[PDB]
Amino acid sequence: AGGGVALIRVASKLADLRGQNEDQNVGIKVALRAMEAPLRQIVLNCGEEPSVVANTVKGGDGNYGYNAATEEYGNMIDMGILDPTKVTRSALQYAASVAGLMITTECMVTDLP
Amino acid sequence: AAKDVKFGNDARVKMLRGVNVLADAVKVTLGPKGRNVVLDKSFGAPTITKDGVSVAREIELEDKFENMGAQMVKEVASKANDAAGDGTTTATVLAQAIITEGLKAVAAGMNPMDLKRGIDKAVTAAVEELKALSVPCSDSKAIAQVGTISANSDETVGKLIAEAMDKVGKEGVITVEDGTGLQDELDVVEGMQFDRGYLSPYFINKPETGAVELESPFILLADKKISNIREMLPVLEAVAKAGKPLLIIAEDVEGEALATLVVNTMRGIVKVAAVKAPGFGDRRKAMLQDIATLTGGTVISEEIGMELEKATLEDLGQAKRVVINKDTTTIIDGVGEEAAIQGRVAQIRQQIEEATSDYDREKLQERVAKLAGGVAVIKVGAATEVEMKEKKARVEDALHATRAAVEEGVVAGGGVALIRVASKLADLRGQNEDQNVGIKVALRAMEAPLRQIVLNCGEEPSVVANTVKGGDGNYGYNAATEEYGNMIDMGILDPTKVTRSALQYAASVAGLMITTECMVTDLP
Amino acid sequence: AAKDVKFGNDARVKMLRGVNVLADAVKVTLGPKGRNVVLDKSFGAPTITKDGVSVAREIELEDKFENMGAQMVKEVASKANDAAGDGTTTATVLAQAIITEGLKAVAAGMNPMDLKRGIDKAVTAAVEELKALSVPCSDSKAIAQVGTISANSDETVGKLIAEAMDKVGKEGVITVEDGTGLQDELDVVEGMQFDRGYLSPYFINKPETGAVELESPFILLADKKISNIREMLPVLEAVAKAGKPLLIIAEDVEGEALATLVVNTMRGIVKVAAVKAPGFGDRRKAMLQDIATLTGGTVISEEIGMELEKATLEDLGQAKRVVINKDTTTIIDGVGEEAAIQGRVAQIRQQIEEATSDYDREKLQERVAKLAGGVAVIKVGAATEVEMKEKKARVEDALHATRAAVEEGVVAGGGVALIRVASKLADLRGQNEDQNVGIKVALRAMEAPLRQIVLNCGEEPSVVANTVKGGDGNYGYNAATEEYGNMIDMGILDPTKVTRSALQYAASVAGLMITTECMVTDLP
Amino acid sequence: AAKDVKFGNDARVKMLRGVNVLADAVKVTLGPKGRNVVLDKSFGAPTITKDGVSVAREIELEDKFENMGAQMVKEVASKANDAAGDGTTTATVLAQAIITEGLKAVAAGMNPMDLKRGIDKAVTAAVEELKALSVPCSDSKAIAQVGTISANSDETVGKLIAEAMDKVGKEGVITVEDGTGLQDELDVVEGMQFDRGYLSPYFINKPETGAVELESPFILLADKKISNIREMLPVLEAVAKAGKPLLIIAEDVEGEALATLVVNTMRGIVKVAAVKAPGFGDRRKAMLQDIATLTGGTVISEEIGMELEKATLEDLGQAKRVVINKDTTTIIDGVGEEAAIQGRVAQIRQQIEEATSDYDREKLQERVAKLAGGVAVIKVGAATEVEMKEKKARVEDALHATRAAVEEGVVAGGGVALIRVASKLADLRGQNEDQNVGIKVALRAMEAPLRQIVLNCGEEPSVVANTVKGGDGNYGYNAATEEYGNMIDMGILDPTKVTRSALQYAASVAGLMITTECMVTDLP
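Residue numbers (the deposited numbering), protein chains in the order written: chain J, 413 to 525; chain C, 2 to 525; chain D, 2 to 525; chain K, 2 to 525.
Hints were generated in silico from the structure; no laboratory data involved.
Derived pair list, reagent style DSS-like, types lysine-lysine, alpha-carbon separation capped at 27 Å:
1. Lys393/C to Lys226/D
2. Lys105/D to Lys34/C
3. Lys393/C to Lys51/C
4. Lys242/C to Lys226/D
5. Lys311/D to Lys245/C
6. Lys42/C to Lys42/D
7. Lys311/D to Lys321/C
8. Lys225/D to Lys245/C
9. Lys441/K to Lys105/C
10. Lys65/C to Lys4/D
Based on the sequences and whatever the hints tell you, model everything.
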């Protein structure tokens, strides 16, 4: 289900995930909120309320989501808002990789201005 | 002196900056989960309070234009608080929301006068909707419930308020006093209360409550306007050598008389409070005569023959305790003959019997009610002096809230009445598009306070607001328990008068600010 | 006046800076190996002290907001010191740790209200754990041991306090006076103590202890709120010509009377201390009558008829010595006929035996206990005057420490009680993640004081902290000997009251500062 | 390299400043009473112009953001000019009005997407209203009228264009070039015009007129694409030894052949052009065969087995005069036997009456009409060169305006059509309120050009605009004569195409700029 609702559905499913350490739990919550973010950005571009739409989509299940183009909810597959699973998976994995590399960054070397 | 003048957009921008500063200072203390503001004191120990009234009182900005905007918002909030007993923070945040949206519209090119018309129409419709949504508080059960709610769910204050309003009536005068013993005491004593207050604010005996209180004071009654002090210099000297304070009420006190009264008050040698006589003309003279009988004194009338130099300590009226406030003055348990009061009530009621005009009948009925009903005194008793003072303050707050409730009922508190009303007024339209924009501005502004409360609670404002708007009636969001349902059952009650006054005063100040085009103020 | 307003992050950072400055100033004086702080003086000779109370007393910063935060921490630390007698530095460092960690968590994006909830829950659990860990100090041997420990391992002071308490009772009143001979002297004299303090600090005769002492003073007994000076002017003149000190106890002292009393104290012509009457109402009248009988004087009452003008020296109350502090006032050896004392105590006992209600019975029982117990005066003696002053200071410090011990027991001192309680509470949980993080913050803050002490000792903080954590019971690290063991047996004791009060006040101030969102202060 | 970014409001205000500078520079020349704009050239003599095209070309801002906003409005205005033939100033002022009002609305808080939707809806309705209001231009008298007023009220051009349209229909091909004598003569020659121009702007012989003009060209007709020079250099050497210009007609010219032909053109050894073959597939080959028959030459096609190497002068196409523009070219007097044209039109004719698919049916109609219609050339003569060149410019502008009027019609000029359409579209509404705001913005923006014209005329524009709105039909205000009436009767008129294109492109650029949130540009 495209339009950034696959990530919010996955985050809703994974809201019960846990880690070995409290910092791992904080990281999991960070990842879930980040997964929430793209749909919020889309509906902010649409001019609607981000949090209300995000919570409404979270309440639903399956491929039910908010259609940005028509500003009306329902099954995202039927209206034709399809994003390939590979696209979303690769985007999420690469964003996670770059963010993990950047969070652990401690030092830099650059040419002086 | 030289003045700095701003025109058009710049003045409104400065005004918006000032209002935003004041509203952000006072708005974090809204709701049960409201934050606290730390106020600096010259002594050294800062004061940390969750009361928005003190935060608004302490706010004053360096920039003149922003300072004046903040002062106007402060003045309207204080007027709302005095009229209703609460809602300073609610009035300020409502005003800020209306102001921001209206100034945005004005910058868009909207007509300020049409915007003000739309705001006024929407607020009038909101007042009508609030009156429709209110529930009566006539039965003693609801009175006790409201009194309990006001003082942090304490049943004791509720039953004391309920029994006081049963003994004296919903329209009677109820005053609190320190309890000698542990058990709370309620007694009814003769007395009256009028709407006239002190001439200048400095006569306040206790700055914490902003009111004037006297123990066993003398009562002075003059039928002429007091301007000269030499006339009653012997009277004040006799009062000072007697020891007991003196309360003077006449047509007016001003000039050198008021100046020397302030001098005596600030020096502390003589503590005397001045309050204008109630009413005007024949009604004023009749009320003065009634007060003379109540306190056992004599009215100093120039035309009759008595004069201030001729007044002696015997002529002065006497009471055991009086309370003076800028909005009203209370006389409690004045030493006077009960037979004299019986004669006065008999002559007033026969005057009513022979009266013809409706206005005179109503005024005489008000006089006889305020003369014969008396004052119901609540003696708040506890086990410790500090907890006695705390309980007295809580009882006074509960009494004010219950008075507002019995005057106008109670709506669902916690800022959900405003959002319910704004949801009910979705179809309101004006005669102009600018009026419709103003109406939408007013609706969003009424939405705002609940959003601010739930933002202080840390939850999402928009989701909670939409969930509350989805419901109907008194259904809303509870801030303390973070769970929805009926607000009346959970005890989150705000008097309809408080919300109505806050909304109306916020609308008035917002309209005055939107229709503002220029200033005059002193240079830095 | 114009005000400078800070919102959210900036205000919290300013408070963090101020608290950090004050805490770094005061924390270097923690522990036996604590450093010392140099304090400037206008005279020229700097004051070098290892006492954190003074270091806090002369902290005040140039930045208004940092000064506000530092003054909040100073006020709560002073409240802890007054309530307990010690723990100013511990409370300050605990507050700094909680504030720093809580501000970090708030900047992380979490709800401050849930953080404060978690802090309060963890601190309540810590108080319960401290109550569980405390050992009784009721018998004479533990009392003497605690007194010895408090007075720098001096057995004479501890044992003297031991028999003083055994003679007067653990709840009895004990005062310290200068002795004449070398040998210490203990005696019991008739007297009583009440918690009514002085009106203003301007009456403090000796600033080093912050108390008021009068040798052979005259006690005024008035049943009315002192407001006018002309009433007791003849009494003041008679006392001045007598030359003995004067003391007033009444319902309240305010206005020109208080102003002229302060003026006279500054001039020194007449030494007068202003103290309110104990209790309120009929109970206050009863306590005033008890004091009158104790001093042999007569109560000047409005209902009797005689006034302050008609008062005479022989009707005026007299005592050998009185001590006045902001928290309490003590009457020592009031000159009164013993027959009247036994008559009054007998009539109090028959009132008790005829009393019915539990509250009145308890009030009369405490009244008779304080009336009949008397005052056990301690006359500390030494060969040299300066060493006798030092011994008196040690005796009074040991007296406060032993009072705290007998009130709430003793725990393993040196900051290891907090780390043991944190080890016990490491399994605590809250209703939300923010509450859990707040509990962790509170536990780490409780860890902090031992780390600071061992850092002052120069050893490794974390290693010693974890080594003490691995232990159980009162096992802990000794700062002086740099080797572990049972803290109780090694002579390092802190009263449970001191630690509990320090932790509670640090938690309260930290929650108030974490929930702070806005400020109002005067511009530079 | 490194780039500076602006977001949200700052980007919009920068773009607004740039568009404001552009519009204030270009709109002062709007209307018959337009002001003068002086422009520098590095040569030494400033130029003074009253046309908006030159000012728009010469204008740009030093700051990158304002600059790029100016160039985007400039490029949409240039697109409007290229499509319609005029209207750069009207399109630019319309764009400025929409942009200003829409950015004000966006700053007010309305959603930019809904604003763009409303603007687009209003503009589509305006296009429909303009189509309804358009007066058809098909009569020869209407052709004379549009040619006259379009050429500064010069009627001779009106009649000349009239018999041009009479000879070669309304949709035929009409051209004007330099001529001899005093009289103006018209002749029709066998020719056509397809929509292919030069592949590179460096092939141009007459940069002043922007046309690759060749006198007696000798064209090449190669069906295959030309990349290198080996197979096509025999043609170059043949035309070099024959001394005739070469033109190139091919499916697509690429490789270094284009570069070397441009180089040889620069050196002046031989003039060589390059024009694409219109269409693609087999239709392009068929119409290339048609061109070969028209010019009497042979097509070089790889499908028929022959190649470009053996292309010689005797078996290749030739023409008398060809004008190559950027988008289309005109072949004039294709030399060749008329029997070839007769055979070709016959073959195309049976292609019509045995055509199966409709689309191909209309395609064959246009092909046969284009081939058999011919090209009409008009010859302009006068006394000296300067006035006949001025007449050349006037005739070219009149011909373009006549073509536009024939294509879409004639509406009232001077912005009367826009104000009339805006008045007629007063009740348009959208789905959302922001859409209605955008519709009102578009209506006021299309009101604006007439107001600007009146302001240039010296009169205040509000009264004139309301007076013209009060009227109906083509009634409007004549700026030149300072009076009202039927705008067509006074003759001041413009083609419907110009107004429609100006409105469309102004709306497009305004929506694009309204929806802009981020701007990326190089650092200063």
